[PDB]
Amino acid sequence: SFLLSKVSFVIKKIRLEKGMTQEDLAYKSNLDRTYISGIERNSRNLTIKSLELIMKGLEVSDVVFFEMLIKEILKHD
Amino acid sequence: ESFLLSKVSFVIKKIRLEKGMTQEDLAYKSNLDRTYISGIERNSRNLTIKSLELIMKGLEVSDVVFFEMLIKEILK
DNA sequence: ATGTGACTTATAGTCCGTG
DNA sequence: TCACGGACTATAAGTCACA
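Residue numbers (full-length UniProt numbering), protein chains in the order written: chain D, 3 to 79; chain H, 2 to 77.
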């Protein structure tokens, strides 16, 4: 899956920009630390609701997240 | 009771009706069961990103177009 | 046509760990 | 702190019999 690797790239990018650990993100997302790791390393198939939890844990608006996703989708060569 | 979910379901339906397609046509094109797509449009199915990809492919819409439409629906 | 409850099967997502 | 794995539970995927 093409889209999952882009979602998971954007998640890890924002997390690092915010200086958050995977545990910080797990805690603010109401998700397990190993699930955050799984998402980032293995581009796990998130639900819409868990994606929403994560964007909330990253403290980014949905719009900003989806604009970054679009950027990552349009990246080429 | 999810803000994002209600926006995603509204966009899938909006594009489906824009393409003049029935849920059954969408089922055919996405290889998903029509009663499964009904549940999504009715906001009663927390779909994964994989399922959303099959739906977007079924709608013959690019990810970028779908996301731009989702952004606009979020801003309304 | 679409909608829905009530399922079975597959997997999202949690919990217990390690080096 | 995080990659990685076993084993588990909660819930999504997928289906159908109605409505």
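Note that these hints are calculated values from the structure, not bench results.
Each residue gets a CB set at the ideal place from its N, CA and C atoms; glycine is no exception.
Treat the hints with care, as some may be off.
Said to hold, decoys possible - Computed beta-carbon distance windows for the label pairs:
| no. | chain 1 | residue 1 | chain 2 | residue 2 | range |
| --- | --- | --- | --- | --- | --- |
| 1 | D | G21 | H | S39 | 17 to 27 Å |
| 2 | H | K30 | D | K20 | 21 to 31 Å |
| 3 | D | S7 | H | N32 | 34 to 44 Å |
| 4 | H | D26 | D | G21 | 46 to 56 Å |
Said to hold, decoys possible - Over the 12 Å line for every Cβ pair with chain D, so calculated as not near, a few chain H residues:
| no. | residue |
| --- | --- |
| 5 | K8 |
| 6 | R17 |
| 7 | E69 |
With respect to the beta-carbon atoms only, verify the hint that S7(D) and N32(H) lie 34 to 44 Å apart.
violated (22 Å)
Does the Cβ pair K30(H), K20(D) satisfy 21 to 31 Å?
violated (39 Å)
So is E69(H) really clear of chain D, every C-beta pair being over 12 Å apart?
violated (7 Å)
In terms of Cβ atoms, is chain D entirely out of 12 Å range of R17(H)?
holds (17 Å)
Given the hint of 17 to 27 Å, is the C-beta distance from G21(D) to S39(H) inside that range or not?
Violated - the Cβ-Cβ distance for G21(D) and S39(H), about 44 Å, lies outside 17 to 27 Å.
Taking the shortest Cβ-to-Cβ distance between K8(H) and chain D, state whether it exceeds 12 Å.
violated (8 Å)
Using the beta carbons of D26(H) and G21(D), state whether their distance is inside 46 to 56 Å or not.
holds (48 Å)
The structure fails to meet hints 1, 2, 3, 5 and 7 from the earlier list, while all remaining hints are met.
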